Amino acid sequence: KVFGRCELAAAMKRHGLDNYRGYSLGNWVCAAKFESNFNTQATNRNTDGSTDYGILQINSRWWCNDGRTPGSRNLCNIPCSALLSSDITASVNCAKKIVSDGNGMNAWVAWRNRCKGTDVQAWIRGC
């Protein structure tokens, strides 16, 4: 599915992402916008043989297991296929592990380049 902006904000808030590990909700909404355009089925292949999966473009080298990525670590202990559900539970649970690993939201390239440093609260305004 393709979430609306406020629709995703409300779901992410229900799943505990607002202010999680120091990142207000607008960060997470902005990240999803620029990672997946709010589509829970987005996938993108990378040069290292990994693929990024779902609404938060979670990577198959470090975080989820897709069975076809060399050097897989599966640190979220989740099959990547589960991260293509229209229900965001598994992607949120893995994102919480990613953002707790020691480099904050910098794991999300699109957030780093297109969200960080902007007024991210705008992404929840009006919701």
The other form holds:
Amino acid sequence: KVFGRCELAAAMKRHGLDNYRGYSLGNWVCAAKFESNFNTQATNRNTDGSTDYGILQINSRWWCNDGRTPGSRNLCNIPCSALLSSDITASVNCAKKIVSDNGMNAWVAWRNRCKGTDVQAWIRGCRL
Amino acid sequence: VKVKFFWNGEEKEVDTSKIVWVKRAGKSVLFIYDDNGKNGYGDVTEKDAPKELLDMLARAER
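Mind pulling up the form solved in complex with the partner chain next to the form deposited without the partner chain we just looked at?
Full assembly next; the chain just shown is listed first.
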């Protein structure tokens, strides 16, 4: 599923991301934009053999199991395929673990495109 | 300070100034670093970890 911007904002708010670990909603929206273009089905291999999955491009080394990543920790206790669902529940819950030990510095798109910017712009005009 | 570790069998060295995220996992310390604007991953045992990396973990752990 490719979410619309405001559609995703509303879903992320309902899932409790607004101010999660001090990160306002726009941070999460902005990160999803630049990680996956709002596409739950996005996948991208890392040069190290791991793969990133879903709307927040969560990596297979530590968080989810894809069956082909050496040294998998599977800390979110899920198949990586769960991160591709139209229902964002698995991605949100896994993201919360990543940030609960720290912050959004885990996401390259957040460091590169979101941090230091007017991230509330990502939720302006939205019915929340 | 460099963090020396093996990743895909091969020897890596990363400056701690590039580390952006740190987490304890059992007897290991996991870290993400800025790799020329992408995420790089590593881990080292707490006993092998440079103290500068342990300092980062201590700050994270509040």
